[PDB]
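What follows is one chain in structure tokens, specifically the form deposited in one PDB entry.
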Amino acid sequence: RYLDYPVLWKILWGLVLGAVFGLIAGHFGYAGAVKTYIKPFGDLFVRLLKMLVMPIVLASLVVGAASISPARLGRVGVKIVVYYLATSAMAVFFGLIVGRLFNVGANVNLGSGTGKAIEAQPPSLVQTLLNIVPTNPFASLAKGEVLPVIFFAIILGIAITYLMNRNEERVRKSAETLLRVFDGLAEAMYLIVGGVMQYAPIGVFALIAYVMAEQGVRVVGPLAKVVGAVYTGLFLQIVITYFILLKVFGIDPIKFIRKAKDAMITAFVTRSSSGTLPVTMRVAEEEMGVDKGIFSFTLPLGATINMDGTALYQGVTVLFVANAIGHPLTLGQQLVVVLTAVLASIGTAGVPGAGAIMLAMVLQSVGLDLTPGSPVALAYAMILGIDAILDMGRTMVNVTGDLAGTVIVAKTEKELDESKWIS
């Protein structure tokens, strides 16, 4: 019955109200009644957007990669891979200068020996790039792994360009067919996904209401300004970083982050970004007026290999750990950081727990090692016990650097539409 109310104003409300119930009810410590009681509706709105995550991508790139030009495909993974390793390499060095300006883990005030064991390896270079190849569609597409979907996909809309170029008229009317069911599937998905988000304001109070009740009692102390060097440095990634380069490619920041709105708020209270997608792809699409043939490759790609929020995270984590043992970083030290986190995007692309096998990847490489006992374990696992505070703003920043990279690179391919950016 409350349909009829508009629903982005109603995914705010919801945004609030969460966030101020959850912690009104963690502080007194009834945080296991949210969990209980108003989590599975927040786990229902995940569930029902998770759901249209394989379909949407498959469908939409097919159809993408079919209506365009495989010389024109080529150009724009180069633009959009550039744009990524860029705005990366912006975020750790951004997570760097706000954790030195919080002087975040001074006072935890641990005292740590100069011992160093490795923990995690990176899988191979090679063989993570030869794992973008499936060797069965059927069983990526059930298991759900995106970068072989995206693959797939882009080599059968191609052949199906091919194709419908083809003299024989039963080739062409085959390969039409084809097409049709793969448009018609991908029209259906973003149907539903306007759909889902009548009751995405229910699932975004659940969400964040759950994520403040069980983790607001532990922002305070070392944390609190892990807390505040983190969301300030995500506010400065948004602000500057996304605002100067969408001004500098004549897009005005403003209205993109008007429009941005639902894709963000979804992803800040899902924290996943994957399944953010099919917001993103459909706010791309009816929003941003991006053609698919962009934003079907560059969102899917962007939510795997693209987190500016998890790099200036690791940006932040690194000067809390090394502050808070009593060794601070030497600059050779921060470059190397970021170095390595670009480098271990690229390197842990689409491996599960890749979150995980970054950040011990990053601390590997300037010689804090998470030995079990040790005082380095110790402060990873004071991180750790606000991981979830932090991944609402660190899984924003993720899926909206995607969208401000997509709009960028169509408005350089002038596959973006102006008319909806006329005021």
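Here, rigid core means the biggest group of C-alpha atoms that superpose within 1.5 Å across both forms. Positions refer to the first chain, counted from 1. What changes on going to the form deposited in another entry:
With the core held fixed by superposition, the comparison between these two forms singles out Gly353 as the only member of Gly332, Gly353, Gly74, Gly195 whose CA moves by at least 2 angstroms. Once both forms are overlaid on the rigid core, the distance between the two CA positions of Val92 between these two forms is under 2 angstroms.
Superposed on the core, the two forms differ at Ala344: its CA moves 2 Å or more between these two forms.
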The other form holds:
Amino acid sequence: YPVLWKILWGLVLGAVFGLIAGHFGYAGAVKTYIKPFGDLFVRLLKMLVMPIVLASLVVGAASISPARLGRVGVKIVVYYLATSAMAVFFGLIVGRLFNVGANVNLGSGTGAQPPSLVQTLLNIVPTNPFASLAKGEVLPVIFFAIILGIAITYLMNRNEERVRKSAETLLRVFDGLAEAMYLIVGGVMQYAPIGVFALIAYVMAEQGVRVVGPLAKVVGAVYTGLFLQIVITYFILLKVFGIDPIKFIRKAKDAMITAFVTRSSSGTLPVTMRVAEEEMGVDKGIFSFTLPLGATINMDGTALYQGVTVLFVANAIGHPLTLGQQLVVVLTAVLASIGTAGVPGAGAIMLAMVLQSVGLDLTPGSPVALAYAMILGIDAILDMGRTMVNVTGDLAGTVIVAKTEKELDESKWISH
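Next block, the form deposited in another entry, ref. the form deposited in one PDB entry:
Chain only, nothing else included.
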């Protein structure tokens, strides 16, 4: 059965299974007897994340010039900010069509300390990479791996045979590791149809029943807005750089479906990278840098979930956001999506920062704190679709930057 089209079978069936079990009251059998298999699928991808990030980027940063890496960053970051900003802008319009939370009708009454930005930045530079590796801190690994692979290529270009042979040997240890990791990613993706089925079956069972109210109308709204981001911003950007966007989606889909049901960008980095190499044809000089960075700081789906649910609260308490306030949201939902860790649920946690920025404080027991908790009740329903666009923008950004740097192997894009 076509493995491009079989992981898609597990997604649908688990969704029907979980919706059916959820609508019929067996979600506790699904948590006990089905949830563990998706958890196994999650643990397997998780173990690959730290080595496959470290090794691919040491290799990739050696296997390219600094000035390219530097131009890749400036390019990928210019793309990343603007695709995030467009996501906020799309959620705001999609939130109004669906008219989210206007019928929740809570009275509220007429109404900062922004987190230090510098310490988050200094936090990029690790102070012990063995610790950042053991703690799982991807962004500090990205920094050390680039710094390291850059130094390895410098040492490969030295007059000594003794120095060249030591540095070149080190780089082979990383190349040996990276090639081994991409191998297992492909092997675990044999189980991927099952883990997908279990995760979506557990999720649909627990919060299926909850997608029935104006929360259901929220879900309708968030998924619609995510879609526009793809078919408008990604397809147009993809088609703009001469990439058949249908060939792009057809290649991304393994990374999209694991992103969806694991609700973790960082947890689906291995599939996103293996998709970026085998299917997409990107060179490690590119995706070994952009794909892990984007798993953290490029969350188009979160920046749009945050845009849609922020309108839901202000409507739900009778203090709708003015225009001048929605323009603060574009700034601050981008900032919060940059800050959102790539693990399940962290986007809701960061949504608070976005409210605190427009003057909707979450004082406990207040009407605002009530609307926030209506959202967190369907968070997994919205979490799946959110992480998917967080990854898809990482691939569309990697593929687009690659065709710009001549680092895209066009032999992989031929319907024959």
